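Would you mind keeping the following structure in view while I ask a few things?
Selected chains only, in their assembly positions.
In order of appearance the chains are A and B, and numbering begins at 1 in each one.
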Amino acid sequence: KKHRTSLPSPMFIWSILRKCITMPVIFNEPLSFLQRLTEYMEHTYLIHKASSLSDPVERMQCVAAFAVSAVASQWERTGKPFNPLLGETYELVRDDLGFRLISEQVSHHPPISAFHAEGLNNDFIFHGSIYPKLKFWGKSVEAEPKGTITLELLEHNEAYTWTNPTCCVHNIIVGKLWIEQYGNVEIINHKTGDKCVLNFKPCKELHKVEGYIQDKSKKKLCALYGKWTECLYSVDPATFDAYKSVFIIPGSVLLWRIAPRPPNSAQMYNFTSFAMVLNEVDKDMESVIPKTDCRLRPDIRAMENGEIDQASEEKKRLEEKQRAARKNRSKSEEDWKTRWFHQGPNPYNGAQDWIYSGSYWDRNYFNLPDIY
Amino acid sequence: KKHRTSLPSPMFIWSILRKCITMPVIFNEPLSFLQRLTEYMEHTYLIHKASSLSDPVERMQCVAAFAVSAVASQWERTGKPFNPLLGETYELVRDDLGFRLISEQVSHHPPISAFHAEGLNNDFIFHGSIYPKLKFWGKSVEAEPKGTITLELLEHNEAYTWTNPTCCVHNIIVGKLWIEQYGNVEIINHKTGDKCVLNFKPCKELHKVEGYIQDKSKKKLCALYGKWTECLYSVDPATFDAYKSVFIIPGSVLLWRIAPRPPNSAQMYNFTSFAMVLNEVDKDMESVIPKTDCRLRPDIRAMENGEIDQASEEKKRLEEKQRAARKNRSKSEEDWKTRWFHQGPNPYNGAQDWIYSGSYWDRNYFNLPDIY
């Protein structure tokens, strides 16, 4: 009996390692991204002011003031908001600031959140969608709210479009996490031909916003300066040029000052007084709001309750039921239907945009997505 | 309508990270651990020699020579052998070296491998079990073959027990992997009262084995020196004392020299000529060997074929079917039964030991474990 003196094949990539080897809720804040998007509304008084003004230059100031304000609550809000489930809605009615705002998570890959806002007196519509495109930039993560933001001043037959600056989270790997916001922002008034430029200057000039307003002719009509953590000012351009808390240039005009976060704040995730109301519920509101409102979302619920262990268990559950829901539509050939926004041309730029489908505030909700 | 000014719970371990965040076959050699255990037999001629000798001192030399030889093929065998499945058997009959050896993987937690060897002329039995207890020691892994090894010389009414030294794999994290073997080894001849001490010296004196033989009275009768990678020698103790490849002390006696690895070797995982036969099959052997022989194990099969991708897929499958098999017995209250070894007193030490159940070489296999 004769045996073999050699092996058949002589002795001799990441695939093997990949095949054979979520986010911690301790890094979230108790807010859906949709709710973090409604903080855009924190200073809706500027919109209402804008609508009551005759001169479009003065009107562009308040919209410029408002655009800065809608991204102003983010200082020290280093908690990531929960990525909204597909079909997650969120509504907010505020009787004092005079608006209603429905938002719906439209897609999940990529994550797109659609929102529609209306003044209660029918003076404005505010709408758009946001994809927060996350990019690891060095030792920091960038979030970039991709998407146009459209504000229609109904009493004035005009609409303003713009996009938001980039929101950067530094020291994400090491050090005290902190928020920067930089980018340039053009506000086009599509009736007048008026343009407003807002540079959110990057860091010294921390939080520094500088910019100007010009007519369609391209004549500057005022400069705009301040910090998105505090305030914006308008001033005559000629004296702003010569003259480069906050440095108050002579004869400037206060356009906006940040709303109030409570002394309780740094114990409550640095939420504003506006933010503290976002995720609240009560027996009345339970009957009316739909089953997709993120006020009925157990993990944000349980985290706001302190039950963090129950929050991370509940979070992984929804995400899993959401994959599973995707794979059944992946096979059953059904494809997802957006209850409250449909897709369509933005008429002021011709760029695809999500468009409110109507009928939300009628209630009588029917066949809603069962996403919890 | 009045809203809330604070959250219910103020804002505020590894569990979350653990719950919400195999071995690569590229690190194995194509051998079951059971097969790597049969390399103990590579020099069974020393056993047969031992059995033909009248003087037990001379007999203790050959058993000491054999004990060193059974762990000598491990130099440069830096490939881990596949952890044997529960129920994996392995048989080897060699007509020239004169033995049969059945081994069976007895348990999996911990991994215990049982083996029984018999000389074909009924001159010896060689048996024991091995648990290779792995410990990460610094920049190296230690494997320690826990368990007694019992060699019975049937023509001489005697039995020797001993345990194996520790097998250390250096530079496991960084550098060229390489094998060291260290430890002290006592060989007790239980009839004569004779003892043989083998120190496997740790590293300079790389692979250095030194030791002695003494009677029950505790009189040294010879020294024993050499290297487990090459050879062992006996020499008069009096001249070994005075006198401290290999340093040949005057008037020494060659007890053993390592068997032959082929020039092909370093292309074939550094297997010996003995090792190259272990995992071989053929149409004859297929009819006879049981369904648990690791010659019928697909991943060791496919890896020996070079099909490494198919090997790592096939490996994870068996391990998974093995967990699944465990969890069904975890519920169905069935518990695993060892086909060929039962547990019992080692009579020469009173220490629990696995004991051959008989009947293996009768074939007529019945109801064997379906482990592939």
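Please note the rule applied: a residue touches a chain if its C-beta (ideal position, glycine included) is under 8 Å from a C-beta of that chain, and two chains touch if they have at least 3 such contacts.
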{"item": "Identical protein chains in the complete assembly, only 2 of which are shown", "value": "4"}
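Keep this in mind: only the chains that are shown with their structure count from here on.
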{"item": "Between chain B and chain A, distance of the C-alpha-averaged centres to the nearest whole Å", "value": "63"}
{"item": "Residues of chain A defined as touching chain B within the complex", "value": "1, 3-13, 15-17, 19-26, 30, 95, 262, 264, 267-269, 271, 273, 276-277, 280, 304-306, 308-309, 312-313, 316"}
